[PDB]
Amino acid sequence: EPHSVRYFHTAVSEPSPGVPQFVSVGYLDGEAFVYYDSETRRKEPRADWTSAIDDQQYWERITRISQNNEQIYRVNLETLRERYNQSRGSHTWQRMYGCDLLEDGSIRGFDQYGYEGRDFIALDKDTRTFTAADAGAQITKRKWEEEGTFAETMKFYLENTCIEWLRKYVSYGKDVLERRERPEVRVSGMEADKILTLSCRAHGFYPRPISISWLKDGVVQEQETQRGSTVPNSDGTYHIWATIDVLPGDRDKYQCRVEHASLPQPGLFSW
Amino acid sequence: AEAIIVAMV
Amino acid sequence: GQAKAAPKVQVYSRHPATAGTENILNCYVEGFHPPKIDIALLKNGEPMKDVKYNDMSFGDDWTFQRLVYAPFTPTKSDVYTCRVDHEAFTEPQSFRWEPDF
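Chains as they are written, first to last, in the deposited numbering: chain A, 1 to 271; chain C, 1 to 9; chain B, 1 to 101.
Everything labelled a hint here was simulated from the structure, so no lab data went into it. Treat the hints with care, since some could be wrong.
Claimed, not checked - Simulated pairs of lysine-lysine, DSSO-like, Cα-Cα distance not exceeding 30 Å:
hint: 1; chain 1: B; residue 1: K4; chain 2: A; residue 2: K141
hint: 2; chain 1: A; residue 1: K174; chain 2: A; residue 2: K155
hint: 3; chain 1: B; residue 1: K8; chain 2: A; residue 2: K194
hint: 4; chain 1: A; residue 1: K174; chain 2: B; residue 2: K52
hint: 5; chain 1: A; residue 1: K194; chain 2: A; residue 2: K174
My request is simple: use the sequences and hints to build the entire structure.
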């Protein structure tokens with residue numbers, strides 16, 4: 001029942017292959033559903049539910065909004081060049097903003113900006129003031145809090161518009177969002193110098209949260225385990241592994257344990 | 001939908 | 001000054017792999033900054049066919065992430081690699097797929 005809508009903007013002075021001058025990706029509960037860049041200059045879908053939105057010339061309009069705003073990203077890129085006394089070259093401007101619905105129905109909002117891969121300025125919409133990270137950021141704090149309008153305008157969107165679209169988005173993608181897909185689990189064995197390296201792999205689970213652990217005759221082995229980060233598949237599902245180094249006679253005491261929302265009780269797997 | 005008002009730095 | 005952060009890289013199959021069975025080969029490149037990057041999928045050092053690129057993402061620390069995937073039917077002789085070139089690297093780096101079988 002909690003949900004998220006976030007937009008990620010990347011803007012750079014010098015394009016490069018696969019890096020346009022400006023790109024924007026919208027995510028629903030972490031899965032892409034809307035894309036735009038300054039080469040195609042067109043808002044395009046990234047999820048199937050977006051295809052039955054019911055707004056008619058919504059795509060034409062939001063495309064135009066984006067086309068118009070990449071002017072302002074180019075300006076802010078030069079402002080930031082001169083404010084930080086850099087040369088002309090490669091610089092990078094980044095933005096993440098959006099809203100959350102928590103399980104009690106309350107709302108959160110965020111608007112964060114990043115220059116050169118470092119924090120720059122963040123909205124604290126509770127106080128309608130910006131937290132600056134910098135001498136250079138302190139200016140934009142003072143210019144934004146002088147004019148008076150942006151903080152509350154962005155607080156408005158975050159608390160109203162954003163949330164209004166979130167709920168509509170959740171009900172179009174109800175079926176994708178609530179589907180569940182079990183993991184296929186396989187345990188692999190490889191010993192070299194009298195050390196058996198057991199590798200447990202969980203493929204294709206949705207949703208993303210997972211527990212994977214290792215059991216030695218039924219007792220967790222939390223320090224002898226290293227696990228990878230949950231990483232994405234191409235079809236919206238996820239992937240994780242967990243290895244353990246153990247000794248080849250201690251082989252039939254070893255179980256991988258996979259707790260996932262898709263299974264009522266944890267699965268157990270051996271090699 | 002994206003927020004229309006973008007600010008300048 | 002600017003961020004300069006090299007990527008870390010995980011290679012993995014969509015499914016548990018079996019010799020001669022059609023599958024999907026994933027390369028997940030994360031942690032880099034700036035966004036400029038080259039990511040190549042190689043079969044025994046040959047460019048693979050049908051390589052697709054997910055829209056790049058970034059997270060809380062602004063470092064970027066990318067998924068790059070391509071269909072593949074592995075065998076026991078074939079060596080599958082992901083070759084990543086990024087300015088925080090002194091030089092391109094390979095990361096090998098380690099089979100399930």
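Looking back at the numbered hints, which does the structure fail to meet, lowest number first?
The structure conflicts with hint 5 only, although it agrees with all the remaining ones.
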